[PDB]
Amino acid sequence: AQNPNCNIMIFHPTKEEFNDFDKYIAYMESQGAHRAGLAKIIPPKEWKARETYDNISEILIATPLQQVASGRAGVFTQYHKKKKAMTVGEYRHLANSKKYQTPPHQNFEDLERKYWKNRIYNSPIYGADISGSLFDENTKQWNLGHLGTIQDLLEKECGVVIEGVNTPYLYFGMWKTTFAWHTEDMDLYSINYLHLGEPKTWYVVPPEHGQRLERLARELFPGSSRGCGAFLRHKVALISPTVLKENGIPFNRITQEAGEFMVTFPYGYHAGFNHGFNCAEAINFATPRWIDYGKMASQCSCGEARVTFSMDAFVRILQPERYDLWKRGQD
């Protein structure tokens, strides 16, 4: 069995290997990369996402989100308070202000210590979930707006044609902006490209151990667990690496830098934070190996998790017994 300790693997494809996206994902899995839940892909030196980032300041962040925490430093939830619209130029200036900028630090480990010590005492503002792309249309390799769609994968594997579309999303971050513990919708893959700016630190639980994280979360968030049998789908709960180690939960960590791709694999729980002003692009995708995870994915029916139009069909075809109840949640 390849990668039996479930370590995060780092790949350096050549320009020739970068041509065929599906084939390279399958290669990485042949080496055991999926067992970690997360892999890093460093593009060949010949590749670029676009020519420059000099002209992005007029992108609008229609609904910036202030991430307000409750709890203790290592075990907390966050809620998203909606703020007034601002441009990416306005948000970058805000991120760099004395109230929100990254503190002085020695290295990524010192900054990680500072994040876990102090996160709860501040409320950073995240420009998340913005439909769009920063890849140049002429970038032919690993262009996250030109991937094969999940609807087409389902159709190719299972024969059923379904409605829905699959497009990328932009994320503009600042120091302390936080992504809560989650798997993807319908336990899909994700791919995330850090276009510019400061790093993003990730934490991940191997897919084979995901239920250990769920059991800890039910213990640590006992009211939320009674409310919803899949409350991690709400994407609000944080648990620190120190707390995970104290409870014996297997996990790994890695820091993504500008110019690097990360891939999350089906049922790989992940969480993390941004080091300072940055911009990432991400999208969900599927392979043949996803189908069995999609069939088994948990679902939130309490009404909180509220998701895309295109998840309807995935539930309806892969999980017809759950369909009715899930759809009641969404209406």
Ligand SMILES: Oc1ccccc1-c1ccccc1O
Contents of the next structure:
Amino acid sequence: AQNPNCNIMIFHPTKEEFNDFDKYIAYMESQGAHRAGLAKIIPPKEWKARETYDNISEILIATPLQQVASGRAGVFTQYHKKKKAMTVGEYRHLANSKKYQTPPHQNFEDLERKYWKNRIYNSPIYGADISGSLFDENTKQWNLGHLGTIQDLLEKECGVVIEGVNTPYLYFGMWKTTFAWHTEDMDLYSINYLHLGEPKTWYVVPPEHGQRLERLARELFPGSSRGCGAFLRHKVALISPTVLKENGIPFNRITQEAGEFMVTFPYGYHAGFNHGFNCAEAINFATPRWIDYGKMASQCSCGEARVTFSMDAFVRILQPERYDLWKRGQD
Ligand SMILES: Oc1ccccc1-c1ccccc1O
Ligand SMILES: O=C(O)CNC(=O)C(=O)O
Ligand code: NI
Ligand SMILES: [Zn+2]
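Next block: the form deposited with the named molecule bound, after the form deposited without the named molecule:
Let's see the whole complex now, leading with the same chain.
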């Protein structure tokens, strides 16, 4: 078995290898990359996402989110307080202000220490889930707005045509902005390109050990667990690497820098934080290997999760027994 320790693997495709997206995902899996839950892909030196990022300041962040924490330094939840709209130029200025800017630090490890020590005492503002793309339309390789759709994958594999669409989202981050422990909707893959700015640190649990993380989360967030059998779908819970280690949860960590792709694999729990002002683009995707994960994916039906239009068909076709209860949750 390849990659039996479930290490995060890093890939350096050639420009020739970078032509066929599906083929390269399959290649990574042949080397055991999926066992980690997360892989890094460094594009060939000849590749670029777009010419420059000099003209992005007028993009609107319609609903910036202030991420307010509750709990203790290593075990906390966050809720999102809506703020007034601002442009990316305004957001960048805010990120760089004395109140929100990255503190002096020695290296990534020092900054990680500061993050887990001090995150809960601040409330950074995140411009997340903005529909759009920063890939040039002429970028033919690994263009996240030109991937095969999940709906077409399901049709190719299972023979049924379904409604729905599948487009990328932009994320503008600042120091301490946080993504909570989660797997993707319907335990899909995700791919994330860091377009510009400061790094993003990721934590990930191997898919074969996801239930260990779920069990710990139930113990650490007991009220939340009683409220919903799949409350990590709410994407509000954080657990530090120290607490994971104390509880014997297998995980890995890696820092993504500008110009690098990350892929998360089906049922790979992940969480992390941004180092400073940055912009990432991400989208979900599927492969034939995903179908069995989609069939088995947990669902939130308590009403909190509330997801895309397109998830309806996934649940309807892959999980018909769960569909009625889930759909009630979506109203
Ligand atoms: O300076 C900016 C102003 C506005 C939007 C983006 C940038 C930027 C783009 C790439 C790299 C760094 C940057 O700060
Ligand atoms: O970048 C973020 O804030 C969160 N991204 C993801 O969870 C992802 O790409 O799957
Ligand atoms: Ni994700
Ligand atoms: Zn729920």
